[PDB]
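Position chain A relative to chain B; hints supplied.
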Amino acid sequence: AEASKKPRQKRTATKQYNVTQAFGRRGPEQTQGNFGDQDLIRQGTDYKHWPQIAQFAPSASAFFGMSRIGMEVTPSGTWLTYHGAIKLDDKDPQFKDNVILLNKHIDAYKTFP
Amino acid sequence: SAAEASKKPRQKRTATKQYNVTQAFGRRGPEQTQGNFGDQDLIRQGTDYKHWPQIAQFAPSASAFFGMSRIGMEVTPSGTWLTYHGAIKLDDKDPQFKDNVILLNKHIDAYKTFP
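Going down the list, the protein sequences come from chains B and A.
For the record, in the first sequence the residue sitting at position 99 is 351 according to the authors' numbering, with numbers rising by one throughout.
For the record, in the second sequence the residue sitting at position 29 is 279 according to the authors' numbering, with numbers rising by one throughout.
So that you can see chain B by itself, here it is in the shape it has in the complex:
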């Protein structure tokens, strides 16, 4: 399933190519991703609740329009840095549940062991 050929930030995680394979292990360091319980870990964009998650990932235009964009450069490297926040819709019916979905993958690896 060729797909690592893509730049990290463009990869799509699936059954055939999981989160861990695409984006490395979940973990405490500032350079690692912290999101995803085991099911999402294994299934990526196949998980049965992906679309509910993905409704919050930004478009390309919003990624660069909403975020605080930075450049970090060290002797061996150059990184685009970014941070921001997405407000959830307090009126949406799904609100509670969206919070429960989100809160369960957020720091999940921490209750793997």
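Hints in this document: simulated from the structure, not taken from any laboratory.
It cannot be assumed that every hint is accurate.
Once the Cα atoms are required to be at most 30 Å apart in a straight line, the calculated DSS-like pairs of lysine-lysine come out as [claimed, not checked]: (1) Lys362(A) to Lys257(B); (2) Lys343(A) to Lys356(A); (3) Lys262(A) to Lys339(B); (4) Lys257(A) to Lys343(B); (5) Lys362(A) to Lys258(B); (6) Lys258(A) to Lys343(A); (7) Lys356(B) to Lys343(B); (8) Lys339(B) to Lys343(A); (9) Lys267(A) to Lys362(A); (10) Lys356(B) to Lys339(B).
Chain A alone, transformed into the frame defined by chain B:
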């Protein structure tokens, strides 16, 4: 009225000449709640900007935003937010490297020197 572009959620909006970066995402500025990316032309043309495709290659897919990033949840008076932060390593060995950095530079904090 205006467009039909603002009933989309912020994070899914896509600024064009017809509905520009200021309209979709608010003015650039110093604050942590605001974006800081874009020179006058990017802000005004958004996705019709000449070198959009060369900026946009650094935007993550939905899947990457969630597997690469450090995700959180903050609860203000505003509402509940999904927080996010990260670093996308640029490839030193793309011969477009040089050009990728200065292009990201043109736009980092560009609002500060706007005449």
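Outcome of the hint check:
A threshold of 30 Å between alpha carbons decides the hint, and for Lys362(A) with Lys257(B) the separation of about 38 Å lies outside it, so the pair is violated. Simply put, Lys343(A) and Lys356(A) have alpha-carbon atoms about 21 Å apart, close enough for the 30 Å limit, and the pair holds. Annotation: proposed proximity of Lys262(A) to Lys339(B) holds, straight-line Cα distance about 12 Å (limit 30 Å). Restraint check for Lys257(A) and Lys343(B): the C-alpha separation of about 14 Å stays at or below 30 Å, so the hint holds.
Between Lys362(A) and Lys258(B) the CA atoms are separated by roughly 35 Å; this puts the pair beyond 30 Å, and the hint is violated. With a C-alpha separation of about 38 Å, the suggested pairing of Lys258(A) with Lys343(A) is violated against the 30 Å cut-off. Of the supplied pair hints, the one linking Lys356(B) and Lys343(B) holds, its CA atoms being roughly 21 Å apart against a limit of 30 Å. At roughly 37 Å between alpha-carbon atoms, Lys339(B) and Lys343(A) are farther apart than 30 Å, so this suggested pair is violated.
Annotation: proposed proximity of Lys267(A) to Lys362(A) holds, straight-line Cα distance about 22 Å (limit 30 Å). Restraint check for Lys356(B) and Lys339(B): the C-alpha separation of about 18 Å stays at or below 30 Å, so the hint holds.
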